[PDB]
Structures are given as C-alpha cells and as structure tokens.
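We begin with a single chain expressed as structure tokens, specifically the form solved without its partner chain.
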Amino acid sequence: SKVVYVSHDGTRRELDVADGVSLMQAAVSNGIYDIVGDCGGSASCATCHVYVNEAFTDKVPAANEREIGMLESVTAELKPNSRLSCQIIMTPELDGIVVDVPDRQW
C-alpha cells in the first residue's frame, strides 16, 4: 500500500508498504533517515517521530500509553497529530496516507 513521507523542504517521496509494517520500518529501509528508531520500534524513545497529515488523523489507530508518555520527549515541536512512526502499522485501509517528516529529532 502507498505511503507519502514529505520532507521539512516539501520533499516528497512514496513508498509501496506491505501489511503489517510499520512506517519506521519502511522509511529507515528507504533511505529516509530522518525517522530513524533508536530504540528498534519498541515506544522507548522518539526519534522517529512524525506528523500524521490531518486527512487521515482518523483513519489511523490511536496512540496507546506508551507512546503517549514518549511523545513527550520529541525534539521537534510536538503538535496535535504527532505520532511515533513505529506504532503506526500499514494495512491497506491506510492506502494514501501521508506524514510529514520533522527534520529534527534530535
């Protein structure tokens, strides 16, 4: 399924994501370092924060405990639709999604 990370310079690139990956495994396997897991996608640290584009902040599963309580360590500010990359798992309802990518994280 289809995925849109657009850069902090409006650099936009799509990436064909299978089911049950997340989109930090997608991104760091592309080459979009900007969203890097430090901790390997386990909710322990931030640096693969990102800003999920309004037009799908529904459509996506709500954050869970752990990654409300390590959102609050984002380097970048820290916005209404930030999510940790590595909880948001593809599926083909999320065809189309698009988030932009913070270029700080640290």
Contents of the next structure:
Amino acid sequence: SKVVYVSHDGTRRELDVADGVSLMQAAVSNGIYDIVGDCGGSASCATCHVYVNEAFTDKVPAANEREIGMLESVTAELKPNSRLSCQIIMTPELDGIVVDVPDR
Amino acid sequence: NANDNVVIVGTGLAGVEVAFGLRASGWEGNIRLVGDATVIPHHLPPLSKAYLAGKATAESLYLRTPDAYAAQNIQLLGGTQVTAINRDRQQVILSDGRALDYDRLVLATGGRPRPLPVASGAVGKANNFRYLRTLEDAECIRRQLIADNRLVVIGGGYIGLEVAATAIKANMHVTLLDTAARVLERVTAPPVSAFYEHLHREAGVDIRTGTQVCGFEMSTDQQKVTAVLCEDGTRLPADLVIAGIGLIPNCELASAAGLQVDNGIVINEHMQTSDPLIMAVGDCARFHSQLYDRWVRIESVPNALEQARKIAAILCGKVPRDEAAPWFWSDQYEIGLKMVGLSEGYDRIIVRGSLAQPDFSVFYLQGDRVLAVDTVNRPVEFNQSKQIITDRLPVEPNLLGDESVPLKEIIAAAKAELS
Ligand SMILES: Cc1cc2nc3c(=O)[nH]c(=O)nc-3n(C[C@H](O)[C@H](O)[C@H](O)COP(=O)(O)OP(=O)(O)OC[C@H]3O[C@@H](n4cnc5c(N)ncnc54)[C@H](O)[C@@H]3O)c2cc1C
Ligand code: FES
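Got the form solved without its partner chain; any chance of the form deposited with its partner chain bound too?
Whole complex next, starting from this chain.
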C-alpha cells in the first residue's frame, strides 16, 4: 500500500509500506526528515504527529486515550485530525492515504 | 560552505543522526560517515526487547533504509576504522592507510562494554558468555534462550533487567547478581528498587544483590562456561552468562589527539571539543548540563537525538535549541517504565499513586524543584513531566501526590505563575 507524505514547504513524497508497518517507521526510515519518531513508535513522545486528511479520517483505528493524552503535547497545532503516525498500522484497506507533516 | 567537508566518525544512532539532520538543516558540503561496524546502521533498544524476544524483524531495526544514504548524498563508509586524528593537517587517518580531509569533524564514537575482570582468557571467548551491545551479541544470545536452561546475568542496570525478563518469558531459569545493595542503586530511590526486585522475584528471577563474581568454571572442553563463582563461595551453575556492567566511552581517538578527556570526550555548549573544528555527540560525550549545572554523560536515545540536532543547527548557523529534559525508557515484562530527568542528589521523593500497583509516578525533588520523574505504566503523566523539567515550571510540590488534581492542571497552574 502507498502512503503520501505532504511534507515541509508544501512538497510531497510518496512511498511504499510492507503493510502492517506504521507510517512513522516508514517515514523516518526513508529520510522524511520532516517527521521524526524519537520514542520509537510506542506513543510516548508525540514527535510522530501528523494531520490525517478527512479523505481517510475514517476507518483509521480511532485514537485512544493514550494517544489523545500524547497528542495534547504536540508542539505544533492540535487539529481534529491530528494523530500519531506511529499509531497507524498501514493496511491494504488504507492504500493511497495522505498524511500532513506539521511544521517542525 | 557548499564546498566544506564534514567527517563523522561512528555510525551509531548519534552519527547517522547528525548526518541526516545536517542534510535536513541545509548543509550542502560533503558528508562522510565512517564507522567500523559493517552492518547497516540500526537501533539498539530493540536488542534487549522485541528483537531479543525474537518478535521483530532484522529489517525493522534499520535506522534508515540502506538507500536513503545515497539519496541524501551521505557517503557511508562501513567496515572502516579511524585510527588517528591529525589536527593541524586537518584529517583523519584510517587503518586501510587512507587519510580523509575534513573541515568539520564530529566524534560519535559511542562506547564499548566494560569488560568483566574475571572473564579474561577462555571465559570471554566462550559462545555462551556475552556482553549485550551489538547486533551480533543479541542474535548470538537469542539463539541460546533455551527453555529449562539456566542463565546468570551479571549487572544490575536496565539492560540486565530487560535481559532477565526476556529470558524468563523464554522459560529459562534465571539468576541476576549485582554488586550493589539493590538494582539501579545509583539511579533510583530505595522504593523503586524494591518495586523492580519484587516484580522480578515474583516473575521467578533469583536476584542476589551485594554479590561479586570472583571467577568462572569452564567445560573440560574450554569452549563453554558451566558455572559462575561468587566471593561468597557459592557456585551458580550456568548454561548461559550475560554481562552488562556498564559502558566505557570510546574517547581514545580524542585523547591521543590532545583533546580534553574525562570519562568521555569533553565538549562545550556548542558541542565543541578543545579544538573548534572538532565536536563530539552521544554516548561518548561529556558535557555541562544546563538544567543540572553539573558535568554529565547521558547514554540514551533522546540524548543522542537531541545532541545531533544541536550539532546540525550549529554547523548550519542556526540558533541551537534549549536543553530538553533528558529521558529514557525500559520495558520489563508488560510494564512500561519511562524516566525523565536525572535523580542524582534528590532531597526527597513524592509518590503519586500507590507503590503497591504497577501504576504510579515517583517525583524526585531538590528543595521545591523537580529533578526527575520515574513512571510505571503512566505514559501521559510521563510525557507531561517533560515540560515541568524542560520548561523549569514552578510546580506545587504539595499537589504532586494528590491524584484528585490532574497533572495537566498542576502544570498549567505553574506555567501561568512563573513569578
Ligand atoms: C541493548 C541496548 C538497549 C538499549 N535500550 C535503550 C532504551 O530503551 N532507551 C534509550 O533511551 N536508550 C537505550 N539504549 C542506548 C541507546 O541505544 C544508545 O545510547 C545510543 O544508540 C548510543 O548511540 P551512539 O551513536 O552514541 O553510539 P554507539 O551506538 O556506541 O555507536 C558509536 C559507533 O562508532 C563506532 N566507532 C567507535 N570508534 C570508532 C573508530 N575509531 N572508527 C570507526 N568507528 C568507530 C562504534 O564501534 C559504534 O558502532 C540501549 C543500548 C543497548 C546497547
Ligand atoms: S514515535 Fe513517539 S509517539 Fe510516535
């Protein structure tokens, strides 16, 4: 399944995911410097932060209390579609998703 | 300049992190990553967790896909060792004869595991005797986590405890010895040591503290260890032995070159060593902590990410960022441990919740200042505590313990009355 990271300055970088891998692990491992995942993807730091488009805001395992609690600390602006890219396990039913990289 | 050469010695988290961060902050000159490791740069935390449990792929360990280096024009020179630094000539010499020219040099040498003194000779060379610092170490150990086989872990640090818990789950018989009077003696208050010891004894670990190994017993073959011998005369039979008694910073390169050294490569506020053109970052760097006003050397992922970013900034002319609360984490059994700050020197602790459950926070204070917070299964209070320390908020001590008052509110109240 493909993922599209509308990164910094407006540009965008599309990628390949082995499916079952979080968007965070994929992003940082391919050089998408815009988004870092310091904690390791356990939902403990909130540096995974990304705006998911309404196009997919649904059928994306609704963020639980852990994440909501984390999200709150996101240095960037907190939006209703803000999520921890690390808590988004890419699956077939999610091909062509578009995540927004907040401003560092 | 866009004609300036930057050489990074060491390809661990710290080194590859200043390389990619450097390229992300605008650097346009050449970037050389030289490391003696031959494997693709990978994460370390998994080596005593999910990867050791054999529940994670070798590929998921990659810091960056092996092709991201060429894409960012970062020359990765593996299997190569840097033997010396010619400061005046401004170059580093490799073992394969070559000399690399540099305009800017970054020492990200990390550390090597402290050898166990009586592990000399055939002991250290046994396959069932291992330190846990490399990918090889982890795979070698993982294959020996045989149910019903006996394991003796020497060392009370976090890695040691994470190894014991992994081995327990693998159905091994495990014993953990530490010379200290309790595990994590230096970094935690007695009650947190008590909590860890109960947790592991309850899981089935035989924890003998105040113990000191005085030798080993080997197979008549001399190929494997069969028992650990303690100063108290006991003979602990063992099929496998893992030692984790600390780390020695790899500062040889710097010392030999005249750069100030003291249990780490000493660096100033701009990460620079005694030589303006040479900086150090990560496990190997000793620096003066702004937040704690003391020379310290942190061995953690956040500290390496933080220092590498600071370096990227400085070399790109950006204004460096304020020292962030240092933090670290450990996973033992199904318990999430997260520690922010440095507890050394605390005058008292304040417990939020009950030490009787695997759900509480321990605040370490010095006067009315919060130095650190140990949390057990409390990711949210943990994450919020970072701002208390990072932003030096004057949080009210008499509320930390009152769980009826949300920590967000206690922080928000302080964040509004800095005066
Ligand atoms: C088993 C284990 C579990 C861990 N778990 C956690 C955790 O849960 N949370 C956490 O925060 N931290 C954890 N850490 C620590 C964290 O992973 C490290 O602090 C971090 O990766 C250190 O990075 P480093 O780049 O400084 O150095 P290192 O990884 O030591 O790398 C430095 C590299 O430079 C190479 N090198 C040295 N000298 C030379 C030379 N002269 N020429 C060429 N190459 C050279 C080294 O051999 C090495 O590969 C763990 C570490 C281990 C070993
Ligand atoms: S990497 Fe830490 S919350 Fe996503």
